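The complex appears here without one of its protein chains, the remainder shown in place.
Order of writing sets the labels: A, B and C. Residues in every chain begin at 1.
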Amino acid sequence: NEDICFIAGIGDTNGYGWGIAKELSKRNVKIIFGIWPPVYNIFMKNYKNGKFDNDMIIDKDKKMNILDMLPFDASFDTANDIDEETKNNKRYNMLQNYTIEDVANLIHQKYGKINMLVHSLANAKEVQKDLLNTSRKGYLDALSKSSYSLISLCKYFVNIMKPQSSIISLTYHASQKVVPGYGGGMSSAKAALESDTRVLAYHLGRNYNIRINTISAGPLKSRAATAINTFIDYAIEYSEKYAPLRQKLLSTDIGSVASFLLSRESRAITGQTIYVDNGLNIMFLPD
Amino acid sequence: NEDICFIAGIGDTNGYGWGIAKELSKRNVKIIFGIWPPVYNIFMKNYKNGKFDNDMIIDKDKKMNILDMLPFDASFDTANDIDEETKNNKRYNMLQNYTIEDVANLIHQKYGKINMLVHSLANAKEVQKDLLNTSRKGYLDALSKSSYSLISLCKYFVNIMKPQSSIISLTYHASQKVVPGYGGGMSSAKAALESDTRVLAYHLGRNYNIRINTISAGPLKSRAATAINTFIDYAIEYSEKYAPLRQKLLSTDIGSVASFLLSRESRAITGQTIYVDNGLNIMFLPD
Amino acid sequence: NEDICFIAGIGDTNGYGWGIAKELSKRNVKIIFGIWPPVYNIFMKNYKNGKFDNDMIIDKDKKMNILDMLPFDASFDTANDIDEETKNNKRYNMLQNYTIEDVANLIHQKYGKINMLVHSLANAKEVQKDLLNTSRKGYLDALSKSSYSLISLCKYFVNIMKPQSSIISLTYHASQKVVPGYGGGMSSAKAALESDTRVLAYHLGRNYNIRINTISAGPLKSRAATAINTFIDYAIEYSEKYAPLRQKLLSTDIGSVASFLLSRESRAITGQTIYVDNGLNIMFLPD
Partner (left out) sequence: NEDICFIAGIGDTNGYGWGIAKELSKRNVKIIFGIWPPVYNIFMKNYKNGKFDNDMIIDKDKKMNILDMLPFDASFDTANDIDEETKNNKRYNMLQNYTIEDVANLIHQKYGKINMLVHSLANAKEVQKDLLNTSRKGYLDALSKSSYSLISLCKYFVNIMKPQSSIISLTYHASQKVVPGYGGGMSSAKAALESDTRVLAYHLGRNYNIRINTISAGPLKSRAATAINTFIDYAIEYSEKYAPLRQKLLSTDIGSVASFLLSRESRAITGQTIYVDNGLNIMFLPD
């Protein structure tokens, strides 16, 4: 079979994007990485130097098959949208075709139609500030990068997808219950993402027969998580202590659920927020 | 190597229990049926006369294999719970080891420990009456058979299940939003079942490292559905017209989700209500 | 001009029923108490000896006025439901007209139609046991007394209530999120009560133009709370430490919300679970 999945939001092997790639790879899905330009050249260097080799082993027989790796910035819908400062940036200057539309066109031109799409990215320039102290520009940046990027990804990628294709993104329970520390409008962006997942499920389901769901993951010590204010150290310790299942949450635990939601096995599931967090979301009072 | 599942609530090939059996069988899980004594002998006679042979065809290069078929009544926790009248009733008189504790013991004696458990049953004497007109006895009957039966199944089966085992039941969205026609306290029972799934997830996760979830299924023209009164024809027509995914909901659509939730692929999911209903639950206003 | 409220579930001045009585009395609503026969004679003796006189002071320029105090047992729908044993029991033998239908009739005969109804009661034989260890009989007892009693109260009282009347009950968040210690099927009963509030809102709204809602209250050191085992001290301490509003939750805090929901001011609200808990329900992770 010719399953191809574009994963937008891989920067190294420590986040959920990598775990999803690994699990899809087990099912013989061809994988294309969309890599944020500021970290693209570093990623390629680490890859070439074999830094990721142990992380690519699926088992005794299998290694991750990575079809391609492309620069991708969810800040920009089309070529016209890139500002002067960015195009002049040292790191963007030597790259091209990294807007959402350009990446869709490039994948389709090289490999044809795909049938799986993963949104595994977020950004918020004021994450370290409380919501109350977040500026209009800060808040809108969170929503632009973390929420609107999903809509744009759908809008441009549906043209290059087969009927019965499937899309997932990643969210966090701070959208629904208060997590002090989860600042800069990230909580807001995740609330919008979960709502948009429903509305998009209606549009994509009726028009194209395409499904879209979102996985609400528990805490993982990824690069981005490090940026929140040992906030991640706290979250992990609390989850491992109080969740119904006292076991370390792995990126591939989210990967196996993603793989299921992206396969035909879940053909009757759409518009849903699925919790993959060892059950922590169900608890009220710590015991 | 030895995935075994007990499916409590199969009476024919037209309901969700059969769809779950078929999909599990696809994955080489050995299946044991728990059949309610009022329908048990008709079920066995049909099976023996080859009435289900076509329904057991997976892909015509593969057919379902069933390990065992056992009389089972989720009304009774232990042998000591069985009233003299039932014990001597025409349909129960020839059967043995059909209470929850007895079937668990029997299964263990014959096959050892199991790792998958499916609650696919419900009942309510007054389902034809709206909630407001449901009697105390009718309401308690619905809770007893449809909700408490899950707790009891858990209590007795956890002793014959391996750590990391998984349990699922089936629910309906009338627990959360009003569905006229879903009467007799069935809505109440499903609300209880969904809440008990969380509390059980806590106890079973912490004490035995066992997971439990519930699938909120869309409408299927099963024998039980037809007996509600027609109600099910309206539900199905409405769902096929207004759901994000306008496709016929199959018992095997539920089956494949059940299969995922019972497998190790869903190891970080517990306490959850997972909707498998073509996304109908996400809609507010029709078109 | 003739607001009359029946409050089912008052046994002393330390619970939510009293707080609701006090706030309604503030608004010149006439109040009728429904008192469970095991505590009825001790309640009346305390009242007569002036034990509640201080507790009846509203602002020391105003004191509660109580229209009537009636023996009431929400276990029994009609006189024909009362087993011979209860009928002849030491505490029931001297009382009459204490079933749901009889109290409705009595109230109507004496005061005519009423327009406000409060369900402020719960009970569960096995509340000290975790759900997994709760017996069938214990679980059904919790559903019978704590959830079904609301449906029955509605069925019999709608005949003695005016159109545009309002009904409220009390619930707890353990229905939606796991609270260790809230056992015996009380969590199940509250999940059922909250679901039944919606279904009843539909029937009562459409057929009688009557509204029904439920208040999910935070912790209060009532007699029933103390009897759970300590559990309530932990709940209160936790709530005062971690709730958005760090202030002592009063029975009259619930009372003033109840008063609003029972008045015409809330005429467009029905079927709802309203949280009155200093906002604790909105929190995920503590500080």
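Operating definition for what follows: a contact is a pair of C-beta atoms (placed from the backbone, for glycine too) under 8 Å apart; a residue touches a chain by one contact, two chains touch by 3 or more.
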Quiz item: From the list A:13, A:115, A:188 or A:281, which touches the chain that is not on show?
Solution: A:188
Quiz prompt | Selected from A:91, A:108, A:177 or A:221 as touching the chain missing from the view | solution = A:177
Quiz item: If the hidden chain were put back, which of C:58, C:69, C:228 or C:283 would touch it?
Solution: C:283
Quiz prompt | Omitted-chain contact residue, chosen from A:143, A:217, A:276 or A:283 | solution = A:143
Quiz item: Just one of A:2, A:53, A:130 or A:233 touches the chain that is missing; which is it?
Solution: A:130
Practice problem: With the missing chain put back, which residues of chain B would touch it? List them for me. | Solution: 173-174, 176-180, 234-235, 238, 244, 282-287
Quiz item: For chain A, which residues reach the chain that was dropped from this view?
Solution: 77, 81, 130-136, 139-140, 143-144, 147-148, 151-152, 154-155, 175-178, 180, 185, 187-192, 194-196, 198-204, 271
Quiz prompt | On chain C, residues whose C-beta touches the chain left out of the figure | solution = 198, 201-202, 204-206, 209, 211, 218, 243-247, 249-250, 253-254, 256-257, 259-260, 265-272, 274-279, 281-283
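Here is the rule we go by: only the chains that are shown with their structure count from here on.
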Exercise. Look at both sides of the chain B and chain C contact and report whether the same residue positions are involved, with over half shared, or different ones.
Key: same
Quiz item: Between 0 and 180 degrees, and as a multiple of 5, what angle does the rotation take that fits chain A onto chain B by Cα atoms?
Solution: 180
Quiz item: In angstrom, rounded to a whole number, how far apart do the mean CA points of chain A and chain C lie?
Solution: 47
Self-check item: Overlap residues in chain C, where contacts from two or more other chains coincide
Solution: 176-178, 180
